[PDB]
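Take a look at the structure below.
Removed from the display is one protein chain of the complex; every other protein chain stays in position.
Letters A, B and C mark the chains as written, and numbering starts fresh at 1 in each.
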Amino acid sequence: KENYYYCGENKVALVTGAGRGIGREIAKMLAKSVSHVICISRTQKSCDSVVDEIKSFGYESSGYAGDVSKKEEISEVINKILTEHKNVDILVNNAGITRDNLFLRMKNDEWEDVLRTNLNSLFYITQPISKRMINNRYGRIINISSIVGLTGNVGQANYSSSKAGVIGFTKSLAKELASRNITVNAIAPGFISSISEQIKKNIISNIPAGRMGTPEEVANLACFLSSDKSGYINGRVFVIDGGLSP
Amino acid sequence: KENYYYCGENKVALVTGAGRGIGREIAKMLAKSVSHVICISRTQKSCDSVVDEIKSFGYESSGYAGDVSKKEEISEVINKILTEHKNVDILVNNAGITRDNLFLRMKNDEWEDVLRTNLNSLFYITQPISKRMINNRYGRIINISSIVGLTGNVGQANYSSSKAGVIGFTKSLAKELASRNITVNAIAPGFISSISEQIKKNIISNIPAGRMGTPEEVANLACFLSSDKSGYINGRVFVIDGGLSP
Amino acid sequence: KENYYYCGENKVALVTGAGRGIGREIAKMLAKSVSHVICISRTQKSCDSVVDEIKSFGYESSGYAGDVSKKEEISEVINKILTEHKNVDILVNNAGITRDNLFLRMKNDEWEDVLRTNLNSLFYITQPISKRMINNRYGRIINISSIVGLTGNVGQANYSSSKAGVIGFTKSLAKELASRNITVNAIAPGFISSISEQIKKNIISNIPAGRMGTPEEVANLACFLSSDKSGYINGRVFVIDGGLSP
Partner (left out) sequence: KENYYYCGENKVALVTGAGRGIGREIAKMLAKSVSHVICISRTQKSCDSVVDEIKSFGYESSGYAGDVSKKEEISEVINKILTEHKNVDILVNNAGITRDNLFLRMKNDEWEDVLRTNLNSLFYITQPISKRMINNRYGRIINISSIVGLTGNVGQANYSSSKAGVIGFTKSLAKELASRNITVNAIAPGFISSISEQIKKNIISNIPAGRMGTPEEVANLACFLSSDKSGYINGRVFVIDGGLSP
């Protein structure tokens, strides 16, 4: 009673921020149909946890600790992965953080850390991988953005700027890489489970669906985009938010 | 080597404009996972053809002739379908036409027929069906629009107006029906196969993917939206255009 | 202490639905800088009222009764206007109605009347006028849509469909007419003054600006778009909503 996503043969996927939530469910679901799923988490403990969960189901997976906010460090991790794997066919850029505050109160580090972690990081991770995808003439790049990147949100000028940036990145790369059978798309989740009970009720009262979404629902959308039959979807932003913001 | 879309148990789908192209592929693909697929085409000959194709594969299907541009006629067809079927869980509003012309030359009937067929029709088909979905607390409504409904197009002021209207319809209904476990979304295809060879080459030269899409690709997206695991996607427009217009 | 909009020399403007609200303020403000403002209202009494108001300030204005929902009637009114005036340089398509109801309860006439009045009418009014603009190589067409045409709204599936359609019309015509120095743009107002006090407070509580907009504010935007210096703005939708829906 679940969908099956055929992603092609002998494929390797790489998911950043795979230690928890959406990233973790994406890595676990991709494992059902790709030959090997690489998990990157800030700490080795975090990725080992998800890699173990994936392996316990009989699938192949490996994990590398990597802090995407540190360009030299993450660049080395990706280089290492590419020496071990000739190709990385599916890349899910999910790593990201929030450092919320009204703009008037926001600290310079809250602004910088969110932009650096959520946006600047895409270059260091995606460039080496895209080079291999171009050479192999195949790829699926899925960038996790947020509905806040489309609408803005009180207390999140930094997060919104970063996630809107993810969308501009996505569209430009789609234009450049599509001729090589590479699709580049973004997923913009709304309120996904995993805040005071009163604020949560306030939020849910604004969602037509009447509930928050689940990380498994987001993973379904990411695996659909990673599949073989989604090759004509390119440069788009797919919002999964229960009707919060049509 | 294909995706499998679990759409739930004992489901009935209805696809309009099912006689050819996108509509036909959507009806055929839905048949792989729904209990019964109802096909509506302008002529009984057209729907019998697709119903026969679906049945030849061992699936259940029935067909009703119905001209969506004639409100009294299509309203009766839908009423008949609902007397025979208690529920229609998935509705794909695909029927539509084009009557191209530069605005300066466009005839009043070219304007009227396209709006009436492509937009006014949605009310007569969707209202009775949505009443059953609300009572049953379940539904998937997929409206086929077009990238032209988002960007406009020379020679298609009528088509663009109609397809943009489909999107406004989609978003309003998503807001009203989501609490009853009904999702309402639109698919906006770009250039899908099925024009002079020179104009076709001109078009393809504007598509990053370097080719037109196939009706089977559009059907994959419609079946994904019809699936059980896409219940949190609501009120959205999903563009499938090979990167033509990010 | 007000803006001045230079709209060119010897210009004639035509505003539909000029009898009240936004339409009335647009006609009055355009009068400050165009040579003649033609007002169309459903009844002769309504347009005479605004024409008198405009004339009382020393400006030139004339009025024609015309029901935009009746194609034969409005087509004759426009033909008459064009026999009296060689050119109509600025056209503001503002006429429109609402017939609100949840989709489940909506009557066929509520659906039809709103689409016919708000969308089908654009063809009969704009086509003859655009022919003169093309011949004269100059024009400003401003179509009033609504934020509901962009986001959808509970109880307004008909209005939203119609106003989204206005946007598709706008973009297609912009593509076709821009080479003739004609701009075609839409204005999408949010909540504009002119509902229970409790629902109004509920609405205002959702507007960052903390108040409804005024018809004079919408008129300022329409006159800016009608001005000489806005010739490079084309095929766009300008939302004036106090931040209600970024």
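Structure notes:
Just so we're on the same page, contacts are C-beta pairs under 8 Å (C-beta built on N, C-alpha and C of every residue); 3 or more make two chains touch, one makes a residue touch a chain.
Shown chains touched by the missing chain in the whole complex: A, B, C.
One of A:16, A:49, A:62 or A:156 touches the chain omitted from the figure, and that residue is A:156. Summary of contacts with the chain left out: across A:65, A:115 or A:203, the touching residue is A:115. The chain not shown here touches chain B at positions 151-152, 245-246. The chain not shown here touches chain C at positions 1-6, 171, 174-175, 178-179, 190, 208-210, 213-214, 216-217, 220-221, 224, 227-236, 238-243, 246.
Take chain A: the residues that touch the chain left off the picture are 71, 102-104, 106, 108, 111-112, 115, 119-120, 122-124, 126-127, 130-131, 134, 148-158, 160-177, 235.
The rule is simple: only the chains that are shown with their structure count from here on.
When chain A is fitted to chain B on its Cα atoms, the angle of the rotation, on a 0 to 180 scale and to the nearest 5, is 180 degrees. Computed centre separation for the pair chain A/chain C is 43 angstrom, with centres defined by C-alpha atoms. Taking each chain's centre as the average of its CA atoms, chain B and chain C sit 32 Å apart. Residue positions 246 of chain A each touch two or more of the other chains.
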